[PDB]
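Novice: Can you make the complete structure from the sequences, with help from the hints?
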Amino acid sequence: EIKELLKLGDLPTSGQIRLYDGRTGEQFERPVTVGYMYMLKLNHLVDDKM
Amino acid sequence: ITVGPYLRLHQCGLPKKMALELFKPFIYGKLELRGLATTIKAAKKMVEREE
Amino acid sequence: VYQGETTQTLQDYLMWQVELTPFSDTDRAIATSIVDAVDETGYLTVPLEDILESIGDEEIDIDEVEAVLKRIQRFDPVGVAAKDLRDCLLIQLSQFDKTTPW
Amino acid sequence: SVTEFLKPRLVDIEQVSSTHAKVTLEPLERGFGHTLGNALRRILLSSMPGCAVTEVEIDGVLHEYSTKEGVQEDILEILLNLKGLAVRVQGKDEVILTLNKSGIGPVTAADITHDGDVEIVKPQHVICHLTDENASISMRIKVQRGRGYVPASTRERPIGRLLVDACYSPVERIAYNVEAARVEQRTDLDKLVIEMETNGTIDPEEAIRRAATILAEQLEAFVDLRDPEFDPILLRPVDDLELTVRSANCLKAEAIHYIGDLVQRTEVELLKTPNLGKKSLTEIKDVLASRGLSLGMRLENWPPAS
Amino acid sequence: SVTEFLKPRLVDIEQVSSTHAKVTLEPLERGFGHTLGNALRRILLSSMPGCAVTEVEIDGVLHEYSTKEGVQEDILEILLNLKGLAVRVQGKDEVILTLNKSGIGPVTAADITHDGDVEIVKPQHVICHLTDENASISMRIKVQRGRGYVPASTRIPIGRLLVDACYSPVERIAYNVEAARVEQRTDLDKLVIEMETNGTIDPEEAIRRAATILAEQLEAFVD
Amino acid sequence: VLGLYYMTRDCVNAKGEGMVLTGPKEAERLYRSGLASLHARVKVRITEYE
Amino acid sequence: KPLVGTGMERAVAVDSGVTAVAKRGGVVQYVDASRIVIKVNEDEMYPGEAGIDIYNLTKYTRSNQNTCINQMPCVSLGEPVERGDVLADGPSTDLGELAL
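Chains as they are written, first to last, in the deposited numbering: chain A, 1194 to 1243; chain B, 355 to 405; chain C, 111 to 212; chain D, 4 to 158, 165 to 236, 247 to 325; chain E, 4 to 159, 167 to 233; chain F, 507 to 556; chain G, 697 to 796.
In short, the hints are calculated from the structure, not lab data. Any given hint could be a false lead.
To be verified - What follows is a list of derived Cβ distance ranges for each label pair:
1. A/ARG1216 / F/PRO530: 20 to 28 Å
2. E/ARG143 / A/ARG1216: 19 to 27 Å
3. D/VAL5 / F/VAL526: 21 to 29 Å
4. D/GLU60 / E/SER4: 19 to 27 Å
5. E/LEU9 / A/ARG1216: 16 to 24 Å
6. G/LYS697 / B/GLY358: 33 to 41 Å
7. C/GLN118 / E/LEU9: 40 to 48 Å
8. E/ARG143 / F/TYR537: 30 to 38 Å
As the list claims (entries may be wrong) - With a straight-line Cα cutoff of 25 Å, these simulated SDA-like cross-link-like pairs (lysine to any residue) come out:
9. D/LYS86 / G/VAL733
10. A/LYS1234 / D/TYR68
11. E/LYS71 / F/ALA533
12. A/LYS1234 / D/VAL153
13. B/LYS378 / B/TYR360
14. E/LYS86 / F/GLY509
15. C/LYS208 / D/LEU262
16. F/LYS531 / E/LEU83
17. B/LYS399 / C/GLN205
18. F/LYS521 / E/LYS71
19. E/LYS25 / D/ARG235
20. D/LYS297 / D/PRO323
21. D/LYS291 / C/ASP171
22. B/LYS398 / D/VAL153
Stated by the list, open to error - Not close to chain E: a few residues of chain D, all C-beta gaps over 10 Å, as computed:
23. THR6
24. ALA89
25. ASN103
26. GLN127
27. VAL129
28. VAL180
29. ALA308
30. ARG317
We put the beta carbon where it would ideally sit given N, CA and C, even for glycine.
Specialist: Written as structure tokens, this is what we have:
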């Protein structure tokens, strides 16, 4: 089902694309998994630690 | 603690806001040693203002 | 079990500044006596004759006591250890710049 | 030839939209396509100038953690909306715009009072909403030119003026491609296509020229490759101290001309000097202590160059 | 004010050998060390004019794996020795040199027939070795002018041995970016470039030529 | 460990396989120019001290 | 909103009590950044009363962990509502769904 939904949006089925280095413009030698994740900020702030 | 990949084996990365508090009497002595402060209160005030 | 914590008073601050000043042993003893003779409003509560008597030896004049007192009066706060109000105000004014209009 | 390098030139510009363009450079030798493309992408994403909102004053508000009656949004949301306003200023490096509105409906960027040297490229940009007939809003917005990202925390102010973080960069994204050029009678020449996405406040061609100018200015350094603040009182002369005749004579006999020279001498050395008694030394200590100074101080790198 | 950028104020050059140098430049704007270093490294590696040996022909050899009697090295080792020969040409863009030697000892670059145009950078470079008194070597070496590096496989008569053409004078080029600060600003770049050449030109001259080429590529847009 | 393991592996048919190099510096030049693979099997002249 | 969820976000958002939920159905008579007034439907009204509900929102209030509690409306002027609908989002809530 995930692969079908990827095909619907015209995206690669494996979930990996080709990326380029920002500093040099050279292509990384292998495909990289790129996508979206839900990230959280926890209540452990370095302002309250130092 | 975070990671510093550029460091050498004998080096560490210290925040300067911590190092200012940790080395305070050394800074007082060094300020008085070169004529920037003529009294201990002058050095204390200069360090407080963070010139 | 609970215990308090040390607090810094005016005399503690004055002695901290005395410790970090290039005095001699005799001058340091004179400064200790002078700071001991300072109340919480910042004024000297005894005449310099009592301080000279409390120094404990007769090889010392009153000019040395005056010089030590003048050095102490330039601590922080400025005007501390003054003989009277006029002395305190003059000490405070001596720290101003001549550019002051009035 | 071996040393005969074909220079690239700007061929054509395609305007897909008001905020999306393509720039073509041709011809390029073998390998120069990526060399120019990556440097141009980095410079375009890093160093282009633009204008942004930095300060806002609203009629009745005091801080940003509050609300205004008859307005749908919080003050923070209004500030975030103003942070996304696109403005092109033609004459100066700073300008102030005024907004007045009343009645039920959306308050957009087309309601900003007209100015001669200011252009609004997206008049439909929504700022807030008024939900009450008897409600009005009036604010003053400050715009200035810069480059980069300048948070408001890094940079008194009367109560009521709200600061906004400034993102001056007008470029949203850059992409580039290297294709085969169909040059007259050669098959080893390339062509560079740069796809640029902006906010509509900068012309693509002047952006390319500005990036090239920055690169050349940085390169010119490689094109030619080759290799005691003492306190004022310490500098004043000794005679500034109202010393007696004998004390001044004794000091001048020892070659002491400034306060910085006098304060470095210990009591023992002055005591061992001829013609100076204990009374004179006590007088010197008194006149020094009158200015918050003492004998026995230590200095380094003395005397200075003066 | 918005069109003014920091320029390198300290430019340090450290000489390790006659053809091995380090260059330090600071301060730079954030992210410019990578831009300049990568551009210069690409230009130095890939596009740089120079003269190099292209192919060889030996009378007694008709194949890359042929056997020559009286020489210690093989054919491949002789070709490797030829590839590392640094020469200067000022007359034309194609020259043919001849080598003839007999005896016992190291046959070096000082044994090449002299010419008014071609100059050998390092005569001490060793071509091969003769082990037998009745041994002899006779060969013809072609040198051309070009840019960069061209492998021999991409170019694939009788007894003609191809060599990889190393036109560029650069032996090695590398760069590194470190932290640098002015009194107030703290996130600035410091660029270190370490490079070695083959002796044809000085490293500083190579850096200057690369910068000149890159600057001349932009002449149409610089205003 | 992963990077050093990746750079010291070999592949059966890699770009620029079977050529003879004058030293490590030529190998680095070939890799950085995109003319050879990091895994190509070659012959290199090596000088080692004991 | 998470954009990849499980289907339990709405239950957590609504049952926690951090959002404003309509007590009776009606039409949004007044909307503002700090209050909402709903004009109740006639069939849900009691005899002898003015059929309006008023919701005062919590704005920038300190919590037990020294963080911010703030409610924002998610309805427009004049639109219909039903009993149980969400009128204002609480902290970490997006259109009635948990958004952490």
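Novice: Indicate, hint by hint, whether the structure satisfies it.
Specialist: To see whether the hints hold, each was checked on the structure:
1. A/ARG1216 / F/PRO530: 20 to 28 Å: The hint (20 to 28 Å, Cβ to Cβ) holds, given that A/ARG1216 and F/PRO530 are roughly 24 Å apart.
2. E/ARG143 / A/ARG1216: 19 to 27 Å: violated (47 Å)
3. D/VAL5 / F/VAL526: 21 to 29 Å: Holds, at about 26 Å.
4. D/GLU60 / E/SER4: 19 to 27 Å: Taking Cβ atoms as reference, D/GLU60 and E/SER4 lie about 25 Å apart, which means the hint holds.
5. E/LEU9 / A/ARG1216: 16 to 24 Å: holds (20 Å)
6. G/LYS697 / B/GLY358: 33 to 41 Å: holds (37 Å)
7. C/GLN118 / E/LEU9: 40 to 48 Å: holds (47 Å)
8. E/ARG143 / F/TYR537: 30 to 38 Å: holds (33 Å)
9. D/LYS86 / G/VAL733: Roughly 31 Å separates the two Cα atoms, so the pair is violated.
10. A/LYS1234 / D/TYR68: Answer holds: A/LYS1234 to D/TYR68 is near 22 Å, not above 25 Å.
11. E/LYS71 / F/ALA533: The given pair, whose Cα atoms are some 29 Å apart, is violated under the 25 Å limit.
12. A/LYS1234 / D/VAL153: Between A/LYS1234 and D/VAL153 the Cα gap is close to 24 Å, so the pair holds against 25 Å.
13. B/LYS378 / B/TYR360: Judged against 25 Å, a Cα distance of about 28 Å means the pair is violated.
14. E/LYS86 / F/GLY509: violated (32 Å)
15. C/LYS208 / D/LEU262: holds (21 Å)
16. F/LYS531 / E/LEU83: Status holds; Cα separation ~14 Å.
17. B/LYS399 / C/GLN205: holds (16 Å)
18. F/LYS521 / E/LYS71: violated (31 Å)
19. E/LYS25 / D/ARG235: Cα-Cα ~12 Å, so holds.
20. D/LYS297 / D/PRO323: violated (31 Å)
21. D/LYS291 / C/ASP171: holds (20 Å)
22. B/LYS398 / D/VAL153: violated (32 Å)
23. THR6: violated (6 Å)
24. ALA89: Non-interface label stands for D/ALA89: nearest chain E Cβ at 17 Å, farther than 10 Å.
25. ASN103: D/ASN103 is indeed farther than 10 Å from all Cβ atoms of chain E, at 31 Å.
26. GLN127: holds (29 Å)
27. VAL129: holds (29 Å)
28. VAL180: holds (14 Å)
29. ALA308: Answer for D/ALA308: holds, closest chain E Cβ roughly 36 Å.
30. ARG317: holds (27 Å)
This entry does not satisfy hints 2, 9, 11, 13, 14, 18, 20, 22 and 23, going by the numbered hints stated previously.
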